[PDB]
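Presented below, as structure tokens, is a lone chain in the form deposited without the named molecule.
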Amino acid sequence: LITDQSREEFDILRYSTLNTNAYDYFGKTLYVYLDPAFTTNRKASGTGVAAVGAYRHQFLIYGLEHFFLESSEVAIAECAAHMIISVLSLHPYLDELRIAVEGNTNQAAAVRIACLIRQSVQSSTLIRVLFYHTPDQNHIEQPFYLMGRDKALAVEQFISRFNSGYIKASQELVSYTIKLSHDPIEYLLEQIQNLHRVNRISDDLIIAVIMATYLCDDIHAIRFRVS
């Protein structure tokens, strides 16, 4: 499934973006994805956030969060926003944000969360923010993304990119909810090992990386619109 050489190179070969001021080859757009977590009542998992950008033909992971909880929606949005602001701060060449917020069962909450994220970001820094928009009932666009047939293409595309060296972490990777307990990349590797094609091995951060990387292509570029 996943190569040993590719897992090992992802760990020991990370990009030190801070070592250079020559940005010609970096993508200027930060893609992020999150899947805010509610389920019912019980103590379950958390919420995966990932932030990625292009470098030549590669994709670079700038940020990871795996967040566990008063307003769940504010805590969630704030932890996404805080990661994004640090990332923008570390990589000034980044001049646009494109954000997808999964709303699969609870789309009202994903609406509000999108709106809260755009709020913290814009309070802190001047940048254009775009959200993945999808049609709803009376055919009106709403700032959410829906997982569906996509997930298989995305998973299968990740596995193939990772195996061939296309997925890389940066050295200055931001993670306020992981870094104090683990190297975030070692944590993310534990999940990459748990990957199958398509019952209690968490997979939330890895899917978030799979999806941020996936919505990178131009096939999705019109879906992103001012929220």
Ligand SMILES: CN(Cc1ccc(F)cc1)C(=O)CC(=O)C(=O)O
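Residues that one form lacks are left out of the comparison. Residue numbers count along the first chain shown, from 1. For clarity, a rigid core is taken as the largest C-alpha set superposing within 1.5 Å between two forms. Compared with the form deposited with the named molecule bound:
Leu13 is not among the residues whose C-alpha shifts by 2 Å or more between these two forms once the rigid core is aligned; its shift stays under 2 Å. Once both forms are fitted on their rigid core, the CA atom of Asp24 lies 2 Å or more apart between these two forms. Residues present in both forms were considered; between these two forms, the rigid-core fit shows Cα displacements of 2 Å or more across three or more consecutive positions only at 19 to 25.
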Given for the second form:
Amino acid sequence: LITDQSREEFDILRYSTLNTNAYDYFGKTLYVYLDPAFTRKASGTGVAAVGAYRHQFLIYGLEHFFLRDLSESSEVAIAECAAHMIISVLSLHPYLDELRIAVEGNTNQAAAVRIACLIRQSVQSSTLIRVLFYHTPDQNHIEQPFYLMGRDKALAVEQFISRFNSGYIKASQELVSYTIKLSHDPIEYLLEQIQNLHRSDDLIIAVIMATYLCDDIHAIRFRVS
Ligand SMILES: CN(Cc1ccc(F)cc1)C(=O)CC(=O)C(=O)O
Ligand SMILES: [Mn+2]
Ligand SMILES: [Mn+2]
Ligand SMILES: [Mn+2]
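Alt. form deposited with the named molecule bound, vs. the form deposited without the named molecule above:
What follows is the entire complex, opening with the chain shown before.
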């Protein structure tokens, strides 16, 4: 259960990240979590781009979208959508010099590795940046660029609820979203998913997980793909 004050302050108090006199105030690494679409009913693809300000977090980008055809063409669509958001966030924040991405590979491990590669090729065509992916060892023990969700989801949700209520999770006032803002405010949209958090959710799961993978404890899992 999320406090009404935290919801109110999340809406009215946002980080002004474009003052050139304040570029050296923020963390220089962008953490991205991607939750791909999974179908009786179909879920969408959730993407969140978070960063650090001291011991707090700020959301830079959010993407939530549903596909019309889910046969390999969707992999290109998911990757391009995520890459477009990342490129725009990096264009506005020149202080970001590292990119740490986690692609959820629970639904399909092979498709997750394909998406990771597609994002890496798009981002590297557009900008010169260090790109690291979360690596998990597969059935054959070879490290692959995907994240596997399990029991730790309970820990990540718990951690989030405590940080959110303390006001340690804030939005950027130059928050990038190409998929949302379609008769919405991206924050008001995210807040609706926050109010339904229990003990569609793809966007809040991406926010919870991106802020969870910020920890030093996970740093060793991020490698060049
Ligand atoms: C079923 N899984 C994979 C999963 C498996 C085990 C686990 F602990 C956590 C996640 C989904 O990711 C579903 C989803 O996004 C959705 O319905 O929007
Ligand atoms: Mn408002
Ligand atoms: Mn998922
Ligand atoms: Mn999902």
